[PDB]
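Visitor: What follows is the residue order along each chain.
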Amino acid sequence: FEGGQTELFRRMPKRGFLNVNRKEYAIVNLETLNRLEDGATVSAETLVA
Amino acid sequence: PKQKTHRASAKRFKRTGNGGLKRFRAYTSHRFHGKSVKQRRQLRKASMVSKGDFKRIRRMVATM
Amino acid sequence: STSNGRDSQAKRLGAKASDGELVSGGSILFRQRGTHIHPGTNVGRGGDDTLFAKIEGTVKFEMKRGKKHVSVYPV
RNA sequence: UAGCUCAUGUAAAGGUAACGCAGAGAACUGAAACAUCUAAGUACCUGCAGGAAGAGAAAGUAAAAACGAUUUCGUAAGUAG
RNA sequence: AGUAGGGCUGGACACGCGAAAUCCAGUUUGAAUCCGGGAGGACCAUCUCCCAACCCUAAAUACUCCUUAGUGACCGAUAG
RNA sequence: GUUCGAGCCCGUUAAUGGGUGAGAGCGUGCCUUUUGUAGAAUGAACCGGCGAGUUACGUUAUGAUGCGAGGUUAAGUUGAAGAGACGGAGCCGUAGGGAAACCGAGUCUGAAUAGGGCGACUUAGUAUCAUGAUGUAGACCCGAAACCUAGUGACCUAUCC
RNA sequence: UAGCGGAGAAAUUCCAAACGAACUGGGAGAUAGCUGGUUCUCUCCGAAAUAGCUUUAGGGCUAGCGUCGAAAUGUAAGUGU
RNA sequence: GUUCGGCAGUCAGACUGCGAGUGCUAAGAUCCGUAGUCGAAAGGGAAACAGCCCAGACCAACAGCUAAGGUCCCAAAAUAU
RNA sequence: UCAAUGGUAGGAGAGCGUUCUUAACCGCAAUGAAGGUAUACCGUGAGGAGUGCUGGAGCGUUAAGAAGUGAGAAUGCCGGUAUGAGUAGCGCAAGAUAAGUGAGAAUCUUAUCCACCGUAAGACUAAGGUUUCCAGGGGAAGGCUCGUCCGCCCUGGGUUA
RNA sequence: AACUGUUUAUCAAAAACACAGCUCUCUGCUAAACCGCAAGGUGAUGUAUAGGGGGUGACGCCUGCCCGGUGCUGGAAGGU
RNA sequence: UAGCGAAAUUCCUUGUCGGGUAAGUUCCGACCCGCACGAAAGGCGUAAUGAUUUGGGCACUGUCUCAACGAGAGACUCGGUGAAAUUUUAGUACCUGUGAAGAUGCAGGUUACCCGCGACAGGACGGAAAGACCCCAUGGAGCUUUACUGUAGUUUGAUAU
RNA sequence: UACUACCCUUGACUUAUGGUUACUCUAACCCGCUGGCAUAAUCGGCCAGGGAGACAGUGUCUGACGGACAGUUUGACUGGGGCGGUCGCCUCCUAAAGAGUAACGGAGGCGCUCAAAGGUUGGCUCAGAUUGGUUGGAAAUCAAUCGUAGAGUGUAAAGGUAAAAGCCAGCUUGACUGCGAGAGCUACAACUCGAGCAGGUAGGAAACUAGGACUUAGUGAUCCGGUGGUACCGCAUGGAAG
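In order, the protein sequences belong to chains P, V and G. Heads up, the first sequence is in UniProt numbering, so the first residue is 50 and it goes up one at a time. Heads up, the second sequence is in UniProt numbering, so the first residue is 2 and it goes up one at a time. Heads up, the third sequence is in UniProt numbering, so the first residue is 17 and it goes up one at a time.
Calculated from the structure, these hints are not laboratory results. Cβ atoms here follow ideal geometry from the backbone N, Cα and C, with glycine treated the same way. Wrong hints could be hidden among the right ones.
[Stated by the list, open to error] Partner residues are not named here, just some residues of chain P that face chain V (Cβ under 7 Å, in silico):
#, residue
1, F58
2, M61
3, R64
4, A98
Can you build the whole structure from these sequences, using the hints too?
Guide: Below, the structure written as structure tokens:
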């Protein structure tokens with residue numbers, strides 16, 4: 050509430066539409082590969098197992 | 002129940018981890034005649050949010 | 017009426033450092049819409065016609081030309 | 001034929017704790033006022049039902065092999081919008 | 001089969017007519033029908049799925065005037 | 001009213017006792033509001049009883065504990081409305097940059113690999129509890145004139161028969 | 001003849017010891033930048049009454065002004081002279 | 001002192017000088033800057049006094065010394081020089 | 001030892017007291033619980049017990065948890081009691097004496113005079129009232145005072161087409 | 001102010017209202033107008049001397065000017 | 001335009017003059033400078049009619065010069081009966097000052113045996129009336145309009161009938 | 001330019017026909033029309049005629065007016081309130097010798113121009129005073145003398161202003177792009193600049209300068225809809241829509 054004045058966010062431009070086909074991969078470090086050795090066929094089975 | 006996130010406020014803002022928020026520039030939409038040549042050179046980009054202000058973050062822009 | 021609710025918005029005019037300080041390269045020296053002081057080495061006159069530095073160092077005053085001046089002496 | 005008469009069948013009219021469904025349906029509010037919105041299709045009112053009601057068997061979802069009527073709860077998550 | 005649809009006016013669907021899906025109304029027009037038809041958020045092709053426009057469907061759910069069996073870090077006569 | 005105290009009377013949670021009190025010094029009740037009320041600013045007859053900052057869910061902060069890049073079971077099931085045990089569905093952190101395509105310990109911006117921008121550099125949280133504040137709930141209460149719906153009403157009175 | 005109404009030789013007159021919008025129940029503990037009220041004991045620290053904006057001026061939102069905690073102490077900044 | 005984190009309230013004050021403005025260089029008048037004071041700070045002084053001056057109260061105490069200001073009586077100190 | 005301790009809105013910390021707590025711990029209680037009352041103790045405070053007395057059933061400890069949880073004050077509320085104040089009023093009209101009645105008579109009953117109304121303040125009759133009528137008995141309240149009287153109260157009858 | 005009437009009971013009785021009167025306007029009938037969603041009904045078993053609305057308020061005299069604007073009515077050339 | 005004009009209309013101003021009147025802003029009659037008369041929002045007249053409004057006079061006259069008298073009811077004395085509003089409690093004086101800028105309660109000073117009783121009103125900013133005057137509320141109602149949005153209703157055209 | 005004409009502009013008429021205006025009919029519909037039926041019965045229904053008539057009315061959209069009736073609107077200051085005025089931004093005083101600034105205090109304004117008044121290079125110095133000279137004036141012009149700006153600086157005021165920011169010529173389109181260290185100003189939003197670099201430029205021989213004007217008024221938040229580009233997404237899938 051800017052005292053009846055429009056707010057900080059109320060003065061903002063409308064920026065950037067959003068991809069409905071946004072998709073990522075749950076990215077891990079290589080520091081967990083430092084944990085597990087070798088875990089042949091490093092995969093999702095090695096990841097969630 | 003839950004605390005409702007204002008989705009259009011989320012369309013106003015974008016904050017960073019371990020840091021502040023990115024605020025796009027004012028004035029930059031409607032007329033461009035009287036705003037200067039230098040202001041056209043520089044006001045496409047924009048700076049960050051305040052420090053002592055904006056503490057009315059809480060918690061109207063929750064967890065987006 | 018008065019026709020005098022007509023207003024002026026004053027603003028900051030005068031000095032910033034004024035005494036030999038290690039003022040940053042490209043930093044503000046003296047606000048001037050009208051030049052009382054007059055420039056020197058490592059000192060630019062602004063688009064706002066102020067004096068702005070160029071290279072750090074002592075920023076003492078000089079009575080060159082029978083006139084008031086600022087350069088920046090280094091170190 | 002209308003119409004009239006007789007006979008037979010509580011049928012069924014009616015009373016209803018609360019829940020339901022369906023129709024009819026506001027305002028006050030709040031939005032710092034307010035005409036958009038909200039409040040809520042909620043307050044009320046009427047009808048139709050039972051022990052529950054609706055509910056339901058893809059003229060479905062989804063997007064790759066992806067399942068296979070509904071229903072309730074948690075989640076997704078105030079996520080998409 | 002006046003059925004889908006199409007026009008207009010509505011409404012619901014998160015959906016405030018919007019790119020608007022999709023469904024249901026009034027009103028108007030009106031199919032195809034198995035080589036079919038529909039959906040895949042305007043829409044045109046390929047693919048996926050389904051077969052409406054006929055009817056019924058327990059169960060898991062909602063709430064107690066009620067019937068007791070009762071339970072209380074309920075309450076003690078301005079309380080309850 | 002104190003404080004001192006003439007004087008009097010009495011003897012105690014046994015105590016440098018109490019009940020007084022002349023006299024004498026100095027002394028503008030209490031509440032809300034205000035800049036300032038002693039008030040001729042309010043308000044209070046008195047006495048007793050009642051009588052007002054919660055919790056539901058959520059977020060944030062601070063601690064407490066537990067384990068730790070691993071913490072965490074929700075709903076549910078079991079069971080005494082037990083507990084425990086089951087239940088990992090999901091959720092948090094564990095890199096971000098940019099609207100996005102995307103790229104990635106770099107990323108975007110920009111002809112730039114120039115600069116700048118955010119970034120690991122910039123070093124642990126998770127879960128529960130508890131406390132404060134938060135937000136939806138009448139949400140610290142007491143408070144109108146109001147608005148609409150449903151219903152009642154012509155014996156007062158006005159009209160009419 | 002009943003309230004979004006009625007009646008009315010009409011004033012805004014009355015509609016049951018009574019009306020410019022009746023009375024009763026529900027919405028709904030309507031709302032109220034305005035009034036009042038707030039209850040156990042201590043210690044420590046300790047205000048403002050201003051700027052800027054505002055359908056704002058008897059109110060809010062920052063900033064100045066307190067308090068506590070934490071991270072170091074811009075390697076002293078602070079504050080004097 | 002900075003930084004970070006919670007948590008506040010304060011918006012409207014006066015008054016005394018001092019320097020301004022407006023006003024009849026009227027005002028216990030307004031409106032600034034500037035210091036104090038109160039507010040939110042007792043006691044003493046000026047007859048009572050929120051604002052002036054002095055002096056900042058943890059408490060006991062039948063201690064003294066002192067600030068301003070007083071020393072003919074109330075009412076204490078000087079019929080002081 | 002030194003330094004600090006005016007303090008409102010403000011903020012931080014800490015503690016008291018009430019009640020329920022199955023918890024335990026662990027007692028009291030008829031030789032007297034609780035509660036009340038006086039009390040000339042203690043505790044920085046809130047607060048705590050001792051004794052005397054009422055009183056005759058639950059209460060206290062500790063420690064911790066949980067709270068409809070700490071009472072003046074609002075036209076606060078409810079209930080009681082003031083106050084004014086023995087003052088206003090005693091509700092639009094005149095009775096009077098003697099005798100009875102009783103226990104107690106102004107106010108009840110009788111006698112005897114007076115008086116008033118008398119297009120009514122008569123009688124009779126709608127609505128209404130719903131037994132108030134009458135008889136007998138009584139006087140807790142009511143009667144605006146008294147009161148044997150009564151539309152008051154108990155009992156009993158009383159309305160016929 | 002004609003009058004009588006009526007008028008705020010819980011203030012005000014009047015010059016206020018009303019009233020005959022006078023004026024204009026609307027309505028040819030399943031009226032107009034009105035009430036009700038409609039239905040139904042009033043208007044009124046009424047038919048323009050009637051019904052509705054507006055003004056003014058007996059009687060006497062008189063009601064002057066201006067169609068620019070507004071409204072109303074009527075007309076249609078064109079614009080919309 | 002007619003017609004009326006200090007109008008229920010002129011504050012213009014006690015307009016002017018004359019009459020009523022000794023004394024005459026009001027009253028009447030004319031004048032008519034008509035801020036701002038005025039024609040169906042009728043204008044000017046108009047007997048009778050008025051709980052009209054004024055201005056004058058007659059009549060009668062305790063209204064008043066200037067009062068006084070008696071009759072009844074309260075009042076008041078007592079017996080019976082017996083409330084209301086009301087408020088921090090208060091054994092509540094005066095002056096002059098002071099002060100949220102007007103004292104009972106404060107400073108200085110004055111007078112005052114203690115307690116009443118009958119009448120009275122200056123205070124106690126007396127009560128009773130959270131001002132009905134003014135102002136404010138992003139307060140609400142009601143009313144008005146060529147505010148804006150609408151709604152019904154009215155009237156086109158399309159189109160199934 | 002005769003055969004077959006694939007034929008074309010204006011008319012005409014057979015046919016397809018269509019909105020098409022007017023009239024007629026009547027089976028629709030209606031008739032608070034007639035008369036009859038039960039009904040004894042004026043409402044209704046039916047019959048049998050008459051009248052009207054495809055109109056009316058009804059539905060759904062559309063246009064008209066529309067206080068008949070609702071729902072909201074109607075600022076802020078203020079020396080009570082109201083009237084008036086004012087509400088933005090720049091300049092000077094008030095400002096108290098940093099800034100900071102109070103009042104419905106003073107003074108002004110601006111709500112622009114300029115492809116050249118902008119950049120650059122290269123030159124020049126003003127206003128005014130006095131003299132003297134035909135038209136003659138107070139100045140037109142001229143020449144001379146004096147002349148620190150007593151002018152000008154596109155536009156008010158302030159500051160600044162001669163190595164000129166004043167004045168005139170040539171080049172001239174830097175009033176470039178991408179930036180931007182570093183700063184200042186301070187609730188925020190904003191705002192004031194800006195070293196230097198890159199990409200090339202533009203003058204200027206080169207050096208050097210150049211991201212508007214002597215600096216300061218000349219300007220407004222987000223939305224929403226345009227304009228163009230767009231390696232972006234493009235809802236299974238491509239495209240398209242968006």
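Visitor: Taking the hints in turn, state whether each one holds.
Guide: Each hint, compared with the structure:
no. : hint : in the structure
1   : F58  : holds (4 Å)
2   : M61  : holds (4 Å)
3   : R64  : holds (5 Å)
4   : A98  : violated (29 Å)
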